[PDB]
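Listed next as structure tokens is one chain, alone, in the form solved without the named molecule.
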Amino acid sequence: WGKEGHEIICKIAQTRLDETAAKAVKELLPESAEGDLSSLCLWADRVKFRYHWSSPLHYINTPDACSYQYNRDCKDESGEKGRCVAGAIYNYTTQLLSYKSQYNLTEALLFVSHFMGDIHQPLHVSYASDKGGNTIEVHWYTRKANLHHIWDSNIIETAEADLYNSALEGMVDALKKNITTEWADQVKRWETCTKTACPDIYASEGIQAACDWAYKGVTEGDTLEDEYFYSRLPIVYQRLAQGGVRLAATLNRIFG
């Protein structure tokens, strides 16, 4: 996701942390953050070339099909296994199990926070043939955009201005509201994991949603407007709340 999506995810996550996780996160966050996880949840997007080895870790590429398998899909352009957003979540959550060696646990926190968000972007788990939709040029109303960008940013941004009078906390408060009184049963399931993180579950969901909702109906050159916006906004919200809930659930498990 772009900036809004990651904020929303990390804000939600942070208000769902139990006391020990809440403590850990403050201790790992720099003073410049001022205790706010969401201030640094885009940090990973700023180090793709600083740490060139990190850039495959933001997504998963699948063949032209609506499935994800770890052993098949989790790998970078060198074919190196586990070099994908799923493998990264396993790596960085494992490191945070060490919190009380070789690893910067402030980075692991910032990577895990970001990647938990990214694994929930449907187009961060989608076709390598169109690079997760980046090569599908459409218009977002009057502006040229690619399909990937529409899911990273445009949909959230449009809802932000059109249904929440330019206040993001408007939308955060509404996702939070639906977490406790519409989605309560779903949320319990979203939080369940029998490992420390359950990334392949989230990836499988994402590829399903890329196909059912993101790619669906869309042809190169289309103008996506109200109809697409309104029918796809519910899955965007779904995926933000899920990221939010699973990020918190994961840090609670790790630090507990």
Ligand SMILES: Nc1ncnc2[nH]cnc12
The other form holds:
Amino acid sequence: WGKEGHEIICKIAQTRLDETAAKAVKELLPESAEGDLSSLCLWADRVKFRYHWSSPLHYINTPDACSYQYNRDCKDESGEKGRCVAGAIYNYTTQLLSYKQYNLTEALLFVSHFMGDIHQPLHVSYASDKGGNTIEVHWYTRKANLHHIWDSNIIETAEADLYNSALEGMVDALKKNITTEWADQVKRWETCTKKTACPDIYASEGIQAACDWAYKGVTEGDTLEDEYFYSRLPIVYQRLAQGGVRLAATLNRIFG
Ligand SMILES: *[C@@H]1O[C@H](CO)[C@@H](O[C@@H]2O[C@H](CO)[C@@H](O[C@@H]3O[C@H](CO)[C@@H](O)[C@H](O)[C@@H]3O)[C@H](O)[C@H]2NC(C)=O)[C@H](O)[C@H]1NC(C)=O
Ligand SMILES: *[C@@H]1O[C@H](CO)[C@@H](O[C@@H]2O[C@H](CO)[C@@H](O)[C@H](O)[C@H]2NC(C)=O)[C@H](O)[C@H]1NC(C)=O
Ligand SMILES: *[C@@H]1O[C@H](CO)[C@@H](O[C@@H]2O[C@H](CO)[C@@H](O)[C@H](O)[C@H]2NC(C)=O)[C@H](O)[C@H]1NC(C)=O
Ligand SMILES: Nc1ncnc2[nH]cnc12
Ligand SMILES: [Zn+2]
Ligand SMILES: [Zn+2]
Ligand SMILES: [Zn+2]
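Here we have the form solved without the named molecule; I need the corresponding form solved in complex with the named molecule.
All chains and molecules follow, beginning with the one already shown.
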């Protein structure tokens, strides 16, 4: 996701931390963050070139089908197994279990960003179109690629048009629904029988959404506007809420 999506996910997650995880996050954040995890939830995107080995860790490339399997797909262009967002999440969550050898401030920031990215449908999608990056369309009157529409345009258009430029408005509405509309599902989103995290569950859901909602109905050159926007917005809400709820559930398991 772009900045807004990661901020939303981290804002939701930080208010769902239990006391031991809230304590560990406050201790691991640098002073400049002023205690706010969401002020650094895009840090990982800012080291894609300084730490070039980290670039493939933001997504998963799959064959053209609605299927995801860790052993088949979690590898980078060189074929090195484990170098994809699911493998990164296992890596950095395992490093945080050592909290109170690695920089754990970086592990916390990578886990926060990657838990977000693994919930963007087009970050678990086709290698053949680079996760929709090569599908060129128009978002209303402007040129955009489909990947960027999902990382940024849908959220930005909702923030301006539906929330009158208050992104805290979108956060607040998601938090209200996590409490009043989605409570039973939220309990399932939080459940993980693994030691730490369950990224393969989230990636499987994500390629299914890429097929059914993101790629669906889209052809190079189409103009995506109100019909696509209103029909896809609920899936974006769902994924941002799942990302926030799961990031908190994971950090609570790790630090507890
Ligand atoms: C798990 O997390 C660790 C910590 O961020 C990652 O370690 C980093 O791994 C990369 C290689 O993938 C290392 O870079 C390479 O280093 C060697 C020289 O040491 C150099 O020959 C290569 O050109 C490249 O720069 C990097 O140094 C290393 N960083 C640390 C602090 O250990 C690891 O990649 C992650 N694995 C995942 C997410 O699957
Ligand atoms: C752990 O990693 C973080 C992020 O890479 C380091 O913090 C950065 O430190 C440099 C100076 O070395 C500053 O210019 C950056 O502003 C810092 N980034 C952030 C996000 O705070 C941190 O120093 C590392 N801790 C170590 C080496 O023990
Ligand atoms: C929170 O949930 C409410 C209720 O489901 C959502 O509002 C509904 O949105 C649908 C479109 O998905 C409309 O067709 C209904 O008319 C709305 N219902 C009501 C009572 O207004 C709302 O969009 C959700 N907000 C978030 C951020 O998830
Ligand atoms: N190749 C790729 N596949 C999916 N998402 C991406 N984001 C940046 N590059 C990507
Ligand atoms: Zn992102
Ligand atoms: Zn992206
Ligand atoms: Zn990213």
